[PDB]
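A lone chain, given as structure tokens: the form deposited without its partner chain.
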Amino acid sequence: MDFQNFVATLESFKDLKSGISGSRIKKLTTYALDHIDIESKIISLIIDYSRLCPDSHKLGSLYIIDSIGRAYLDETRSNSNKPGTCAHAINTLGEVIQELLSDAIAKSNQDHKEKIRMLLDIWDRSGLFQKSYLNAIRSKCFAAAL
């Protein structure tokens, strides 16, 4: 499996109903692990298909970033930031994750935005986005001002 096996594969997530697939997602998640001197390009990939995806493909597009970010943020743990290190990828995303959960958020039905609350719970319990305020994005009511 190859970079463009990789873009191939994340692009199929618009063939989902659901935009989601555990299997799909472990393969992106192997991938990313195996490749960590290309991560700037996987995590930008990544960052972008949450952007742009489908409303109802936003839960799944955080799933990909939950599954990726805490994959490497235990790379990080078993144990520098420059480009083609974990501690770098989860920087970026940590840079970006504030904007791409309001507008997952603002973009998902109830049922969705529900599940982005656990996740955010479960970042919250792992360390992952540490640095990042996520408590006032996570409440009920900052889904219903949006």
Second form
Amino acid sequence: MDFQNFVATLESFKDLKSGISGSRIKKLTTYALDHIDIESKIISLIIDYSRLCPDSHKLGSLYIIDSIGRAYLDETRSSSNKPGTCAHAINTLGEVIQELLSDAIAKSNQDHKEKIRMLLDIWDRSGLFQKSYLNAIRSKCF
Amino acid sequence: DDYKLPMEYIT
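For comparison with the form deposited without its partner chain, produce the structure of the form solved in complex with its partner chain.
Then the entire complex follows, led off by the chain already shown.
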């Protein structure tokens, strides 16, 4: 699997009605874990996938970020802005996560909003993003 | 083929 396969796999989410596939998300995460040397390009792509995917697929884009983000987080526990590090990838995600969350919520139906809220809670408990960032979104968008 | 969320951060 090379970077073009990663692009193609992410792009294939357009053909899922729900925008969600556990096995495909795992495939993207395994790729992200195996190519941390190019995390900057991977993280840019999944950020931009969340920005550009259809409204009903926003939730799935946050699941992609959940899976890669927490997979990267679990590695950091075993330089904040050195390209090629899990830490930098997570900082990059965190700098855009408020934008991505508030747009996802605005475009989500009620059931997806509740699933986004629980994802917010998971991110709070797991330490993936700053609690301040997350609580801020919780107050403004819900 | 849904996305399995982590129970240790849910319950």
